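Just the one chain here, laid out as structure tokens, in the form deposited in one PDB entry.
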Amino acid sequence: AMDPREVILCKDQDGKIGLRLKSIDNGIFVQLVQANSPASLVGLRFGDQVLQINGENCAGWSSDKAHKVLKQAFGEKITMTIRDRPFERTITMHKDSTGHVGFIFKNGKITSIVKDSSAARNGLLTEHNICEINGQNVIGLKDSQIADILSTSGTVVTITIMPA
């Protein structure tokens, strides 16, 4: 329903593209992208699904398997067929009088919802990773940098999230 795109990436001298992969529910997802890597340049992000690597289905592979496919891949370019963060949702909240939208977080994850808040009214969910805040990616940031973005934001606060 939401369409796959092809990425084409060049290996470093060790064969790497700057990518960590994770097996979830017999798919393969991007777990970590290395700063200023080819992965990064082609816009891969934590939570994107890899449907194929060099045309081969990723279905049922482990992370260890996925990584070894990358390592063994012939030539210097690697093609991947990518489905953009299929689990992603966006919630728009409004800060109240105290400057808060209404949730507790830790390690970039929503851990509780404060009663009577914009977050409560919007059905914001716990056990969910925060991906971006007002168009700022928060993946790989300390909670302090996340809190700074939150405080500096205007009243309307749009966050993207996905189930952890």
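Numbering follows the first chain given and starts at 1. First, how it differs from the form deposited in another entry.
- Comparing the chain between these two forms, the hinge between the two rigid parts falls at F87, out of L125, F87, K65, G140.
- When the larger rigid part is held fixed by C-alpha fitting, the smaller one turns through 23 degrees between these two forms.
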Given for the second form:
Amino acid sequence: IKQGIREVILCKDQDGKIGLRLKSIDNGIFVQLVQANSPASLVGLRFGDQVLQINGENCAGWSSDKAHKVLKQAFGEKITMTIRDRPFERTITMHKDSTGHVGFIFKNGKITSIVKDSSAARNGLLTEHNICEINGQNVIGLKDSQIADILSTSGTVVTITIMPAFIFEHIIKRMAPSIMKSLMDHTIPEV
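Could the form deposited in another entry be given as well, to go with the form deposited in one PDB entry?
There are no partners or other molecules in what follows, just the one chain.
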């Protein structure tokens, strides 16, 4: 989680798509979904990112509907965006024990308990938090078992990006869960 504001230059695909849905939150604009193999995925936009500006204009107070209208109406040539990195999320680094455990229980991607004397415990992992990413990869809408598989396949150092559930639940509202399983980019970034 960069304390940066960074700028991204986007470019519509063949079909005039950038692969993004935006949500209005406390009078700002936040990324609800990034589609796999989209311009938004390629420039590195992430679930939870705040869009401060689109083409130099301020997003504050905008509705979701208006943000979407703006993206459409613009010339796909270059859409410039001003992005605050994942402001509602934090990252926790954990280390796996000898049994390959970090030390929590989660249900539906939400952490619900912290195992005593775990690394999760030592690092102050919190419950009532939705997991958004593991080791920099988005896991939102994946099954509980597949999140377990990513933690397994992970090397000892486990990095988890987490969001307060009340905030997470506000962001995903009005998005059919299949879209999240099927469309939300769940890939490691390209170099």
